[PDB]
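Enquirer: Produce the entire structure from the sequences given, and follow the hints as far as they go.
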Amino acid sequence: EXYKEXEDXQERXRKXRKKXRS
Amino acid sequence: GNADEXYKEXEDXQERXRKXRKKXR
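Protein sequences appear in the order of chains A and B.
Per the deposited numbering, residue 5 is the first one in the first sequence, and the count goes up by one each step.
Per the deposited numbering, residue 1 is the first one in the second sequence, and the count goes up by one each step.
In case anyone wonders, no lab produced these hints; they're calculated from the structure.
Treat each hint with caution, since some may be false.
Below, simulated DSBU-like cross-link-like pairs (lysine-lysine); rule was C-alpha separation at most 35 Å, straight line [unchecked claim]: (1) A:22 with B:19; (2) B:19 with B:8; (3) A:8 with A:23; (4) A:23 with B:19.
Expert: Okay, here's the thing in structure tokens:
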């Protein structure tokens, strides 16, 4: 039931990381 | 603050979430 929301939360952090330099 | 620290902390929390998700699955 909250599977799609946790995947999206994970995806949003991935998007935040992609924009940052190492 | 620091960019290198933010990046590492985000990598770590993403991984903790991934493991919590794998455990729920």
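Enquirer: Against each hint, give a clear statement of whether it holds in the structure.
Expert: Results for each hint:
1. Distance check on the hinted pair: residue 22 of chain A and residue 19 of chain B sit about 20 Å apart at the alpha-carbon level, within 35 Å; holds.
2. Simply put, residue 19 of chain B and residue 8 of chain B have alpha-carbon atoms about 17 Å apart, close enough for the 35 Å limit, and the pair holds.
3. For the given pair, residue 8 of chain A sits about 23 Å from residue 23 of chain A by alpha-carbon distance, which is consistent with the 35 Å threshold.
4. Between residue 23 of chain A and residue 19 of chain B, the direct Cα distance comes to roughly 23 Å. Compliance with the 35 Å bound is thereby established for this hinted pair.
In this structure, every one of the numbered hints holds.
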